[PDB]
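With the sequences and hints as input, model every part of the structure.
Here is what each chain is made of, one letter per residue.
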Amino acid sequence: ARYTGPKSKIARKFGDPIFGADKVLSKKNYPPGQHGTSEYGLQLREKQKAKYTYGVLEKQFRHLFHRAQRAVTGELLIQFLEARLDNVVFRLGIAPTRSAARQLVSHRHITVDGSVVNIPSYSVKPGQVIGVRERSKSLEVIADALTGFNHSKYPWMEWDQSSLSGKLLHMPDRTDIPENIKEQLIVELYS
Amino acid sequence: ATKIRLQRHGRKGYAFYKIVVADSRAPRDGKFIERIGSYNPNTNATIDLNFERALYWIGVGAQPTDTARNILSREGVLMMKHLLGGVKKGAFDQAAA
Amino acid sequence: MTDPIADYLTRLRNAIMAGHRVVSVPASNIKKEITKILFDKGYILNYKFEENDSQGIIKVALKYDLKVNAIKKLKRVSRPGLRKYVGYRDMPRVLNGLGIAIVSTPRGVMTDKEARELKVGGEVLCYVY
Amino acid sequence: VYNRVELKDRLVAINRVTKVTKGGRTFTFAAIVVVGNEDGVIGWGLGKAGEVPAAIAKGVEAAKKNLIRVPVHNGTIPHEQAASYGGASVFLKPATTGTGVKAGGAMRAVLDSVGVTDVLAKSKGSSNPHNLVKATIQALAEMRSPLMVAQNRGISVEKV
Amino acid sequence: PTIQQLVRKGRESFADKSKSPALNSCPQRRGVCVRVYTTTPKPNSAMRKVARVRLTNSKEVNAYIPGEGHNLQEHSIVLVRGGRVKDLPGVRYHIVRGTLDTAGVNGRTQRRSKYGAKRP
RNA sequence: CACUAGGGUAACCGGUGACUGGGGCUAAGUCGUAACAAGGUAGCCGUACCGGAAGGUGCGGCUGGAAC
RNA sequence: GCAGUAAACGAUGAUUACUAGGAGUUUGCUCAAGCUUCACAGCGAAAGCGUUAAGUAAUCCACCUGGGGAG
RNA sequence: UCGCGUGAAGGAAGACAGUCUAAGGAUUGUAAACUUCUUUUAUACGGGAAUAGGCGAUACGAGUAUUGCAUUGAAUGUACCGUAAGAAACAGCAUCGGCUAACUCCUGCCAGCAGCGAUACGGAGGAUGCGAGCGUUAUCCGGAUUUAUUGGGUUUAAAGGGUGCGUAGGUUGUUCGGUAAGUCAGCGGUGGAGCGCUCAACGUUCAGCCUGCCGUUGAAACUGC
RNA sequence: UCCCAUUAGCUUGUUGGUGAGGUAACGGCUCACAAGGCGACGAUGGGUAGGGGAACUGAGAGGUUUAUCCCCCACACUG
Ligand SMILES: [K+]
Ligand SMILES: [K+]
Ligand SMILES: [K+]
Ligand SMILES: [K+]
Ligand SMILES: [K+]
Ligand SMILES: [Mg+2]
Ligand SMILES: [Mg+2]
Ligand SMILES: [Mg+2]
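Protein chains in written order, with the entry's author numbering: chain l, 2 to 37, 44 to 78, 81 to 200; chain c, 2 to 45, 47 to 99; chain o, 1 to 66, 69 to 131; chain n, 4 to 8, 15 to 169; chain j, 2 to 43, 45 to 122.
Source of the hints: derived by calculation from the structure; they are not laboratory data. Treat the hints with caution; some may be incorrect.
[Said to hold, decoys possible] When the alpha-carbon atoms are kept at most 25 angstroms apart in a straight line, the in silico PhoX-like pairs for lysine-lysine are as follows:
#, chain 1, residue 1, chain 2, residue 2
1, o, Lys31, n, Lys168
2, n, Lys102, o, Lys74
3, o, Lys115, n, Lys168
4, n, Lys133, o, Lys74
5, l, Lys54, n, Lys111
6, j, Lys120, j, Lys51
7, n, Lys168, o, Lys63
8, l, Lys191, n, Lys133
9, o, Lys36, n, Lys111
10, o, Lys75, n, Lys17
11, j, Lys88, j, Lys20
12, n, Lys17, o, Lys36
13, n, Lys111, l, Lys66
14, j, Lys10, o, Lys86
15, l, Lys191, n, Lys17
16, l, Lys8, l, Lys66
17, o, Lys115, n, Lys102
18, o, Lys77, n, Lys168
19, n, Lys131, o, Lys77
20, o, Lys32, n, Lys168
21, n, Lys31, n, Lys17
22, o, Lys41, o, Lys31
23, n, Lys131, o, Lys75
24, o, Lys74, n, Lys168
25, o, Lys77, n, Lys17
[Stated by the list, open to error] Distance ranges between label pairs, derived from CB positions:
#, chain 1, residue 1, chain 2, residue 2, range
26, j, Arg12, n, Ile164, 42 to 48 angstroms
27, j, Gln112, l, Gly136, 50 to 56 angstroms
28, l, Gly136, n, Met157, 47 to 53 angstroms
29, l, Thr44, n, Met157, 41 to 47 angstroms
30, j, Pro2, l, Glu84, 47 to 53 angstroms
31, l, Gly136, c, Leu86, 49 to 55 angstroms
32, l, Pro32, j, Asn73, 41 to 47 angstroms
33, l, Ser115, j, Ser14, 54 to 60 angstroms
34, l, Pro135, o, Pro108, 54 to 60 angstroms
35, j, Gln112, l, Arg117, 26 to 32 angstroms
36, j, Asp89, l, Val25, 48 to 54 angstroms
37, n, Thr35, j, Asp89, 32 to 38 angstroms
38, o, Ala61, l, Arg77, 51 to 57 angstroms
Where is the CB? At the ideal position from N, CA and C, for every residue including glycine.
Rendered as structure tokens:
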């Protein structure tokens with residue numbers, strides 16, 4: 002399933018702008034509810056923060072966690090979360106937000122190594138090419154997010170605008186990923 | 002009699018066969034005497051085969067099925083005609099073609 | 001007596017607890033081997049063997065710091083009621099390698115390190131650290 | 004135990026301790042506090058004051074006054090150690106570098122205050138906080154470094 | 002004990018009893034309401051509705067009726083599950099609401115699945 | 001020769017039965033006060049006899065008892 | 001001649017070896033057996049035990065596994 | 001059990017609910033305005049699972065051509081219009097535990113425990129889990145060391161027999177030699193990395209244990225003889 | 001290779017020898033002297049189970065259970 006609910010409530014609950022920029026981040030910024044903590048509370052807040060910022064449900068999150076444990082566990086769990094089709098598409102800037110990237114991947118618009126992959130949880134190994142569909146290179150929504158913005162602030166993406174593709178050089182280290190997540194709390198909770 | 006046959010060891014919609022030597026009375030996927038290879042008809047068909055053991059069993063007299071006979075016709079297992087010393091002593095090389 | 005090796009270990013432990021400097025034991029061959037192993041491994045100050053009209057006496061002068071003894075724990079492993087036999091591939095490590103285990107082997111009586119070096123097993127007499 | 008006279018404070022537990030008098034019941038407030046700098050120095054204390062903050066402050070002062078030095082290396086222990094205090098028994102073993110602290114409660118508080126990263130800890134006695142923390146610190150105090158073992162025994166290449 | 006004592010005798014391990022022995026290792030059983038009566042709790047002072055039911059496994063037991071308002075009566079086929087009531091000696095089983103003769107609680111808008119009430 | 005069938009005596013496994021006795025829990029309605037303080041005759045163990053009832057008494061033992 | 005029970009108790013099985021001091025007492029002559037109370041290390045949940053251990057060790061036997069029902 | 005969807009980006013503080021006559025929560029939530037179609041529907045192309053007469057010639061093997069052959073089946077997949085259009089529940093929010101206002105009742109009730117009969121009962125508003133599931137019951141393991149060889153105990157918590165003699169059994173001071181039953185060692189026999197599923201569960205291959213049993217050679221510190 | 005001693009003796013072709021017959025084949029398998037054999041390392045008798053690899057589950061010790069799958073055994077209303 003998917004959350005498909007109100008996003009500003011989660012944004013005001015967690016304080017951080019996980020989904021992006023909004024006026025409610027500065028106006029009326031407090032946890033939701035007309036009525037609005045133990046270490047269990049903070050650990051649950053951290054785990055739910057990761058889940059909401061990456062669009063992952065509980066069973067998939069647990070599978071990711073113990074896969075990272077089998078193969081610092083909290084350190085590489087974050088890069089496992091980052092290495093996802095929707096997340097990589099969003100970080101390449103070709104889609105505005107992670108939900109938009111997930112919808113674009115789920116629809117027939119994104120190819121991996123020349124073959125269209127529409128599973129928005131496909132792990133992307135290093136040295137792989139992710140590109141827009143050749144039949145969808147001329148969409149009105151597909152171009153304003155990539156062209157014009159042109160952030161390119163991540164030293165593990167190669168963009169190559171002349172082909173509309175993209176490549177992942179290697180898994181970034183835990184310090185270079187701009188996510189305010191304490192993996193020690195999550196690994197302690199799941200331990 | 003002793004036979005050379007294929008057991009369906011795979012998944013629904015993906016048939017993967019194991020080439021074994023087994024009695025004719027045994028069940029299809031049950032007991033066997035020796036495993037001599039694999040077979041996959043889904044590709045464009048990858049065949050693993052123990053040449054020495056297949057030759058030994060076809061020499062002692064195991065009767066192969068039709069499909070296993072075709073698999074032995076490929077990979078040149080039925081060269082017993084050439085290896086029977088048919089008024090010669092050298093070994094020909096037809097594998098290159 | 002039932003277990004002379006256990007008696008020897010107990011005498012050493014009681015002397016250490018009482019804070020004595022020397023300890024006497026009625027001598028035996030395996031106990032001579034054990035005290036030689038202990039002296040070369042550096043757990044006691046020195047020893048002496050006195051062959052009298054009886055089976056003999058072993059006099060052991062213990063090792064103290066400038069007032070803590072060099073020996074912390076002695077544990078008998080293979081008792082008469084339950085004998086313990088092990089090979090070189092399954093021999094144990096005492097105090098995670100900071101202690102020793104005296105082992106009787108067909109090549110003689112030595113510690114677990116020498117036994118694993120020589121690839122032989124036998125009886126685990128005691129753990130010493 | 005080497006006394007070795015900034016460390017953060019951790020509150021292990023508090024207790025609603027009462028008294029019986031002819032007039033009525035008079036209630037105190039006890040608290041066990043452990044001070045540590047995640048370096049190898051840990052102390053423990055018991056505050057016995059009226060208010061909760063006053064009890065915590067008294068326990069912090071007592072723990073700061075009573076400190077010991079625990080020999081540690083990296084984030085693990087040199088060897089396995091078992092220690093019993095009162096109705097509580099504790100067992101500590103070394104673990105792999107990527108394992109973390111596997112125990113919770115008073116054991117977790119004491120090991121966090123001492124700074125040990127990788128450890129396998131198990132409690133085989135009772136769940137009393139006083140005796141539990143005292144047994145854990147006793148187990149840490151009876152722990153000998155490889156250098157200390159080498160110095161006590163003689164040569165330092167004994168492990169070969 | 003000594004090693005030889007253990008060799009001669011050994012160790013004996015008992016078997017833990019089942020908290021719902023009348024079910025005969027079944028999740029639910031079927032019965033008929035032999036009697037429908039009311040009992041008093043052992045510091046509560048309520049009037050708890052209970053039914054004596056003879057189950058199909060040749061056993062008669064007492065089953066509590068949860069909720070407010072029961073349409074059951076004598077000689078009614080009911081579904082009986084495990085679960086006991088703390089402040090009531092005797093009874094150790096519950097009657098499933100909304101199954102067989104037992105009807106769901108009327109006017110329920112919360113905890114509906116525990117009392118067999120459909121969505122309004 | 002034995003598969004059965006038949007009679008009879010013997011077991012074991014089971015139901016039911018005029019009538020007659022323990023135990024548990026819930027009520028507590030009644031009757032006394034045995035134990036907890038030297039609990040108002042110190043208490044308890046064994047044994048025997050005797051009582052609506054808790055119990056009483058005789059003989060030996062113990063302190064898990066005062067008090068001297 | 002039966003019976004075979006007890007707070008039949010040190011509420012503490014037998015054997016062997018080792019480990020600190022004070023106060024008395026009996027016998028054999030300062031020494032060794034025995035006999036009882038304070039008391040190191042140690043043990044114990046504590047009261048306490050402490051060379052006559054409930055300390056350190058080894059061998060064998062007996063017994064326990066929540067309370068009633070129930071010896 | 002695994003995977004996917006029920007939409008994606010902007011839009012100020014509508015009407016209707018609550019808690020306080022204004023303010024706060026629902027709330028960027030709805031309403032319109034801009035795109036996308038995974039998926040559903042209607043149409044077309046539609047694989048794979050299907051491989052099996054001469055020409056050497058030893059006269060027959062055997063190696064080479066051709067022929068039909070799909071229950072699944074509009075089934076994968078590919079492509080074409082015109083549309084957010086067809087698609088979210090269940091549990092619990094006084095402590096353990098993540099999540100609190102108001103109205104009822106003051107018995108009806110609820111509970112795994114501390115218990116409340118209400119920051120615990122019933123509803124309304126919000127909150128927190130999980131999510132095509134969510135809870136209840138039944139069964140089995142671990143925490144439990146609650147049978148303790150690894151790894152518990154017996155003065156007073158359960159637990160030393162009333163005390164001995166003694167059968168079977170268990171244990172055996174020191175030392176010199178033999179043997180090889182226990183023990184030890186060698187040699188034989190036997191029993192993570194890829195690839196394909198669009199991803200994953202799942203299929204499949206090799207590196208990797210065989211550390212159980214048996215045979216056959218040696219060693220002699222310890223136990224046994 | 002499961003429990004019960006509130007299950008202590010069991011067996012009379014039962015143990016062995018000679019000969020014969022029978023069987024694919026050895027053999028009390030069957031048929032015509034000596035007497036034995038088996039048991040507190042549990043005979044005998046009673047109750048309950050098909051047995052393994054798997055599978056599940058414990059750091060380990062292990063344990064539970066044979067739902068699908070594979071190997072062996074027994075059976076086809078009752079003899
Ligand atoms: K093919
Ligand atoms: K009285
Ligand atoms: K009296
Ligand atoms: K007496
Ligand atoms: K004393
Ligand atoms: Mg799912
Ligand atoms: Mg008692
Ligand atoms: Mg006695």
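Quick rundown of the hints versus the structure:
1. Of the supplied pair hints, the one linking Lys31 of chain o and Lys168 of chain n holds, its CA atoms being roughly 24 angstroms apart against a limit of 25 angstroms.
2. At most 25 angstroms may separate the alpha-carbon atoms for a hinted pair to count; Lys102 of chain n and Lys74 of chain o meet this at roughly 18 angstroms.
3. With a C-alpha separation of about 8 angstroms, the suggested pair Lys115 of chain o and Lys168 of chain n falls inside the 25 angstroms cut-off, and the hint holds.
4. With a C-alpha separation of about 23 angstroms, the suggested pair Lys133 of chain n and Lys74 of chain o falls inside the 25 angstroms cut-off, and the hint holds.
5. With a C-alpha separation of about 20 angstroms, the suggested pair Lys54 of chain l and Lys111 of chain n falls inside the 25 angstroms cut-off, and the hint holds.
6. Distance check on the hinted pair: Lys120 of chain j and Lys51 of chain j sit about 23 angstroms apart at the alpha-carbon level, within 25 angstroms; holds.
7. Note on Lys168 of chain n and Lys63 of chain o: the hinted pairing holds, with a Cα-Cα distance of about 19 angstroms set against a maximum of 25 angstroms.
8. Proposed proximity of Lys191 of chain l and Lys133 of chain n is contradicted: the alpha carbons are some 32 angstroms apart, above 25 angstroms.
9. Distance restraint check for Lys36 of chain o and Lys111 of chain n: the Cα-Cα separation of roughly 42 angstroms exceeds the 25 angstroms cut-off, and the hinted pair is therefore not satisfied.
10. At most 25 angstroms may separate the alpha-carbon atoms for a hinted pair to count; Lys75 of chain o and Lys17 of chain n exceed this at roughly 36 angstroms.
11. Our distance criterion of 25 angstroms between C-alpha atoms is met by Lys88 of chain j and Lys20 of chain j, whose separation comes to about 13 angstroms.
12. Between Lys17 of chain n and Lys36 of chain o the CA atoms are separated by roughly 50 angstroms; this puts the pair beyond 25 angstroms, and the hint is violated.
13. At roughly 23 angstroms between alpha-carbon atoms, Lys111 of chain n and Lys66 of chain l fall within 25 angstroms of each other, so this suggested pair holds.
14. In summary, the hint linking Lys10 of chain j to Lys86 of chain o is supported, as the alpha carbons are separated by about 22 angstroms, within the 25 angstroms threshold.
15. Straight-line distance between C-alpha atoms of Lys191 of chain l and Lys17 of chain n comes to about 21 angstroms, which keeps the hinted pair within the 25 angstroms bound.
16. Under the criterion of a C-alpha separation no larger than 25 angstroms, the hint pairing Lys8 of chain l with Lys66 of chain l is consistent with the structure, at around 22 angstroms.
17. A C-alpha spacing of about 22 angstroms is found between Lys115 of chain o and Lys102 of chain n, which places the hinted pair at or below 25 angstroms, so the restraint holds.
18. Simply put, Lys77 of chain o and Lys168 of chain n have alpha-carbon atoms about 20 angstroms apart, close enough for the 25 angstroms limit, and the pair holds.
19. The hinted pair formed by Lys131 of chain n and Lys77 of chain o meets the criterion: a straight-line CA distance of about 22 angstroms does not exceed 25 angstroms.
20. A C-alpha spacing of about 23 angstroms is found between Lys32 of chain o and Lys168 of chain n, which places the hinted pair at or below 25 angstroms, so the restraint holds.
21. Restraint check for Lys31 of chain n and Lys17 of chain n: the C-alpha separation of about 42 angstroms exceeds 25 angstroms, so the hint is violated.
22. Of the supplied pair hints, the one linking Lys41 of chain o and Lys31 of chain o holds, its CA atoms being roughly 15 angstroms apart against a limit of 25 angstroms.
23. At roughly 22 angstroms between alpha-carbon atoms, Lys131 of chain n and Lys75 of chain o fall within 25 angstroms of each other, so this suggested pair holds.
24. About 17 angstroms separates the Cα atoms of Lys74 of chain o and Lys168 of chain n, which keeps this hinted pair within 25 angstroms; it holds.
25. Proposed proximity of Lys77 of chain o and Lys17 of chain n is contradicted: the alpha carbons are some 40 angstroms apart, above 25 angstroms.
26. A hinted range of 42 to 48 angstroms for the beta carbons of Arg12 of chain j and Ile164 of chain n is consistent with their spacing of about 47 angstroms.
27. Separation of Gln112 of chain j from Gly136 of chain l is about 55 angstroms and conforms to the stated range, judged on CB atoms against 50 to 56 angstroms.
28. The hinted range of 47 to 53 angstroms is satisfied by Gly136 of chain l and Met157 of chain n, whose Cβ atoms lie roughly 50 angstroms apart.
29. Separation of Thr44 of chain l from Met157 of chain n is about 43 angstroms and conforms to the stated range, judged on CB atoms against 41 to 47 angstroms.
30. Taking 47 to 53 angstroms as the suggested C-beta distance range, the pair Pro2 of chain j and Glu84 of chain l conforms, at roughly 51 angstroms.
31. Between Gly136 of chain l and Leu86 of chain c the beta carbons are some 54 angstroms apart, a value that agrees with the proposed interval 49 to 55 angstroms.
32. A hinted range of 41 to 47 angstroms holds for the C-beta pair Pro32 of chain l and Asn73 of chain j, which are about 45 angstroms apart.
33. The beta-carbon spacing between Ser115 of chain l and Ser14 of chain j, approximately 56 angstroms, falls within the hinted interval of 54 to 60 angstroms.
34. Distance hint check: the CB atoms of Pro135 of chain l and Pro108 of chain o are about 56 angstroms apart, consistent with the given range 54 to 60 angstroms.
35. Between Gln112 of chain j and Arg117 of chain l the beta carbons are some 44 angstroms apart, a value that contradicts the proposed interval 26 to 32 angstroms.
36. For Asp89 of chain j and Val25 of chain l, the Cβ-Cβ distance of about 50 angstroms falls inside the hinted range of 48 to 54 angstroms, so the restraint holds.
37. Distance hint for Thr35 of chain n and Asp89 of chain j: a CB-CB separation of about 34 angstroms, consistent with the stated range 32 to 38 angstroms.
38. For the pair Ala61 of chain o and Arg77 of chain l, the supplied restraint of 51 to 57 angstroms holds, since their beta-carbon distance comes to about 56 angstroms.
Checked against the numbered hints listed earlier, the structure breaks hints 8, 9, 10, 12, 21, 25, 35; every other hint is satisfied.
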